[PDB]
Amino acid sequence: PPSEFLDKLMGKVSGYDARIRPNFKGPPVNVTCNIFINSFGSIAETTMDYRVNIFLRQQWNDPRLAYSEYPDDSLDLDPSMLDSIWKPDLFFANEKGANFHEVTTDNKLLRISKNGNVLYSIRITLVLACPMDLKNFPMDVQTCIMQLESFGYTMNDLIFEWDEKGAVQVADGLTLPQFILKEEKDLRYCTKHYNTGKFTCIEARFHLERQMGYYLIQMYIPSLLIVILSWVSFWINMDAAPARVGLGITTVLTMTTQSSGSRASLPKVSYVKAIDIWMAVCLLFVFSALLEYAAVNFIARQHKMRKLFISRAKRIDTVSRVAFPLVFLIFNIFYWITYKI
């Protein structure tokens, strides 16, 4: 009878106390941890958080729970009586909300081996917080942080350690709307220092990269095409005043309605981004071309024999249709090499 055997090791006949850690007044207890990510995503920049579903496994030793007469190698414990076994008080430092799972039964499992080793596996969901920097918004690399650290136990009592092999595992076939979760992860020690003492921690880091493919075909390329329509006015005779005025205008309007309407897609950020610099400079080129026609229209009418003022109007257009693509190419090769490389 496994239920009868556990009552002997745990009942009032035994001297087991659930509020006393193993190896009392002695060496600290080792705890080995494992993480298995099932779900990942829901990354939002408004609240700077992301939701993760994991399997958490803890292993330690307890010399008080040692048996030799029972034939079975391992004994399972009823989840409704889990409060009568000492357990480490693990919790997440950047945790902003968490739940247990009771879909049909309790999703908890505790198993006691013959030599006193205890295995403890639970399935929980978390809402962890990560700070995000969107300065280089399309070409951004973010880092997500997972911390597992104690509540009221110092170095002298409880020490956390990652597993030797297969510490962090992720299920295959996980996709994100915006990011790529890289297969390389970092396992680093953290150790908080306070006035009360020194506390244990372990850290796991993930790296994320954006697709960047959609922003090229949707807002970079159409912005590049519009400023080409700005330069076509230099190949039209200036006697057709409504032609060049009506083309210089409605190109700024096209650029304005390209910047506007993207406000819903772009995240709500109160500082400048990489995309904002591109849209402002592209508006500056289509604006500066309309002033070029005002310089050549006013000079031509100033003349009204030598007739050299008309040739002066030619020199404004001849220079401008070569200098405008050259100064745009200089900015373009300056923009990409300092925001990508």
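Residue numbers count along the first chain shown, from 1. By rigid core we mean the largest C-alpha set that fits within 1.5 Å across both forms. What changes on going to the form deposited in another entry:
Per-residue Cα shift between the two forms after core alignment stays below 2 Å for all of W86, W231, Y153, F92 except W231. Once the cores line up, the CA of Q218 ends up 2 angstroms or more apart between the two forms. Here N23 does not count as shifted, since its C-alpha moves by less than 2 Å between the two forms after the core is aligned.
Relative to the superposed core, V168 undergoes a Cα shift smaller than 2 Å between the two forms.
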Given for the second form:
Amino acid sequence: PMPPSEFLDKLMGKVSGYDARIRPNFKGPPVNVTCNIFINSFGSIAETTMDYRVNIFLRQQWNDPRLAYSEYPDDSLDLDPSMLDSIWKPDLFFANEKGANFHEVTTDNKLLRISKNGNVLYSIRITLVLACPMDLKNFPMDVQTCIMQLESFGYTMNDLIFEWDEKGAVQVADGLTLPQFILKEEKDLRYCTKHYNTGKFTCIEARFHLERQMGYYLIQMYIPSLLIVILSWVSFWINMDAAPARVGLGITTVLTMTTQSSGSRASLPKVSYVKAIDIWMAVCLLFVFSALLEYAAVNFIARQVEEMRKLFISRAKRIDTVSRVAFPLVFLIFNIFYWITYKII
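In place of the form deposited in one PDB entry, output the structure of the form deposited in another entry.
The following holds one chain only.
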């Protein structure tokens, strides 16, 4: 029979000389560790901090020949997660953690099973707040590439090597969605081998190609800033010569743009370059700034003979018949050159 109480201690403890402080295949080749991650929760992709919180099941597989068993009849032993403090485990860390933690609610969220030949499957639940540097040039239409790279902190490349396994290195939960992005399906899997003045260390990362749902920004930034571009066109059809209302209408619209432009970047890092939403909020700040300046020409020109008196006002109304149509052709010639530049990535 060989009950399971004795078999457990006969594999880890003083008998058989298992020493969890000494890696497998000592004084031999490296310990080929194949990895893959399941993603439960993805999101909270902040940009004030330029990080993102993920929740994964880190699986790992290596081969420890000291963990070989033939006395037992079946082909696997999913064991107590309290066993994990007794076997060797690779010292994987996330080279851009910025804060990570296990989960220990009602039990350690850990798994451990050991095939007959000695293979190990070590799945643990982790929450990471990974650091990815956002490139925000073409901001509302950007395609971020946030990474997560799994280094080794203490074993060099000739003692512990990581790998992704061939059959589906990165799964995703069945209905996993994001509030603002959409995780594209192709997930890169490339090496990131590290060299320090201590030596070289195994590294393997997995690129995630995020992508913004532009829909939210077509409802708060673009449309609400395309109306005020139209109110600045209201300052033309009124009285045809002059009034304090045109200056009033002009001054107010320039007020909203200044306030609305500031609120546009209210929740972004203070990057030192001009991003895509800036030139929009800058061009719409001209066509409002031009109307209030356009009136300054006519009212100045109007307050400036026997027969030239009638033609004198034609010097002004000839403007308002051009400005009233010159603007809505330039804003539409710009607005088509804009979206073709960013929808062409």
